[PDB]
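With chain 3C held as given, fit chain 3A onto it using these hints.
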Amino acid sequence: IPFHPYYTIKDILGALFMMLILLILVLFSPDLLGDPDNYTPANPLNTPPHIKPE
Amino acid sequence: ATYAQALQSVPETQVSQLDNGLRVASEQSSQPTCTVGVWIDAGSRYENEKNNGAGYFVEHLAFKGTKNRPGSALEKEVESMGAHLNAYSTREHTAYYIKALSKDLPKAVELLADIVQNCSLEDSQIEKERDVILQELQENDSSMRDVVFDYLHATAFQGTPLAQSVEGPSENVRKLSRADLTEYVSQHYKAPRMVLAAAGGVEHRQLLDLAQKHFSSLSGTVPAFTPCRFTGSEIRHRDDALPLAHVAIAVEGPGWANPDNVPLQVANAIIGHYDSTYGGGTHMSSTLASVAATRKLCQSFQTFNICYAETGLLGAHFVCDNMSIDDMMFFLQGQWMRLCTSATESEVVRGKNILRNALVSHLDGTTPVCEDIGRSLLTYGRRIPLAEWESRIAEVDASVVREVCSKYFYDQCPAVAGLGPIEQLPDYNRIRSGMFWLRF
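Protein sequences, first through last, are from chains 3C and 3A. As numbered in the entry's author numbering, residues 218 to 271 make up the first sequence, in order. As numbered in the entry's author numbering, residues 2 to 222, 228 to 446 make up the second sequence, in order.
Where hints are given, some of them may not hold.
Residues from chain 3A that face chain 3C, not an exhaustive set, calculated with beta carbons under 7 Å [as the list claims (entries may be wrong)]: (1) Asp433; (2) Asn435; (3) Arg436.
Rather than coming from a laboratory, the hints here were simulated on the basis of the structure. Where a beta carbon is used, it is the ideal one built from N, C-alpha and C, also for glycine.
Chain 3A with its partners taken away, still in its complex shape:
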């Protein structure tokens, strides 16, 4: 088993398609557990200004009682057989997955059929949930990471649905009524926009039979989004009482398509990640992280690759004190243009290995495998096998990384979002000047 043989030995993801348009897919294994869930193409990207937050609201209400299962009775099932019911709604995806035993798949799918089709939307339950969402919004206000990322989205995609947050404004939260929720679920939770993923010890034919027996009476056989526009801007929520200063700087990246994602991830793998409670410290190959550990510039930093259907954000997010924002902006831009102008071969090899490890280790356990299945059948349109990922990483070299970074980084207007004691944060002109090198 020389790695490549191990990659070939990974079982494939069989994909089917119901008459209603449900893309039933499954990956068979030998584990005695399973994770089955539907991924829907709803989210804030498909939400208008007045509807903003309806997806989060309906996701909240989904588990709190159905039509056939009144209230906690549904929950009474999930705990009775040891299942873990969970959900998450991204800006472009929504999902409700139920961890269960391999022998509980016939029931679990049934529960899923109840959650997405025969929902309740009880008015009194809506009233109880409204204040809960308000308090959750207040809790997220203290989340200086999520707040900064929402600031980045708003200041990068201003004037487009992508700028909208997942939870939506509090005004919409209090305004939203049952009619809007049922209209939203009837318009977005359509069969062609749903994929019933199931990883673990589930046989694909059994999954197909269950889906045909439960998800049959869905929609027959329309929000298709609008191409959003990137607008290099900046938001400075100067608040000196905050202890640290979260900064996020991004550029218009690629989408789920546009294979340039694979080299680009490698570049991010070169920059890497670091925080105070790390290991080697002033020895890690990342020059950014090594310098940060040497001079203690920050408490954290990361490189994200948020990519949507047609566009996406590529950049970094660092958490540091008030007296070191300028230095880390300098070093981060220096690393970006070092990769842009002369990426070398050894760093590219290290990035390839890091990306290989990320993809391989991320896809362990039934939950990440099922999530990958559901997300890939929506974004890529196909569950990309790990062998294809290996080949695509292998094709990446120094010249490819330099070219792709030049395409996406060099002389590009970034979007900046700072929160906290960000007085040191250089003005947007200085950042944009850092986005190009005079020597080169």
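Chain 3C on its own, in the form it takes in the complex:
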């Protein structure tokens, strides 16, 4: 099938759903997937009790 009449709108719907999820994360729990320890000046003389990546 041609890409335009079908998959453009299908990917538009997918993009809208991803935007919905991303906006949920940003507007309601912005620091859900974020370590609170990041909100602290980087002091080289004191390690966090737990060190983990994202």
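This is chain 3A only, laid out in the frame that chain 3C set:
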């Protein structure tokens, strides 16, 4: 003789009406020949699913022997006096016309009275004709034009009698018996649904006397069809072995009534027609045809105006290779919306002249005149004089063409029928998108 005087000088079509309901009509001329024939309102549109194909069958059997004239004896008459007997059955009309000499009208009408009233329907002859119709169906299967047009009809009027083909399915052809044929002829070949047209050197009073002497004992003083529905669809009979790809795209057009036909034809005259073996090529005023000749996109294309009693199909049919269907769909839709949004005046004048030539030159010779008489008394209810056609064409201008094309073309769901290597053919969504312009 400044054209208009010539149009006035055309003799008129006198119309009478027998007590049985036979609409006897005649156009008198000075030629020593004539074409007389009855047009009946039978056809596939009035045929149910089981009866589909009975009209074609009875038309086949009509000439092969009557009651009074047994078998080839009837034919023995037609050739003996030089007459040419011919027939044709459309989806809504049927006709048997006999070309003859002006001095053979008394006999020819008699033969016609035998053909439509005292038919034979011989069972052995039915058996001989069944395989003939089957082989004719097989021959038509190779007719990539007729097949495409039947596909268009089926996919446009799906679920309605208009979708049925003239010949009907082979299943019905083999199933049909003599009882169905005689019931069909007794139900549809009624006197009020018949018109005895006769063009050429026949005097109307002589025709009236002949009809009253022969067609008197017809039916006294009922399938009246159902309004069919247009359904924008598409059929893709993808068959890459076929050399070319026939495509036909249509929209619900007007009927025999609805004077919008006259402007609409003009629009079609603007698009015109073209094929490989044409003349000027990349010079003809039609932008579609000029582009086709410039880039050799196709081998043929046409604009039809198939219009039935209550509805009709308006659109185009083009024959091109597998690698150029998308380009011609693009250009055809572009021309349609160019006419729809800005038709200009000069192209309208050219269309008016082309339509004038079509109507005038088509109505030459006794056969086209008689056919026009018979078809007009059935569809329009009156033989429209050429002067009225001239006036109606004259009233058409740029604004009228733009308005009527907007009514019938702009933002309408079309019916598509493609056959052959039609892989390139854009999906129906792309076609429907082409049926509307974002710029406008």
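Each hint, compared with the structure:
no. : hint   : verdict
1   : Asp433 : 6 Å, holds
2   : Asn435 : 4 Å, holds
3   : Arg436 : 6 Å, holds
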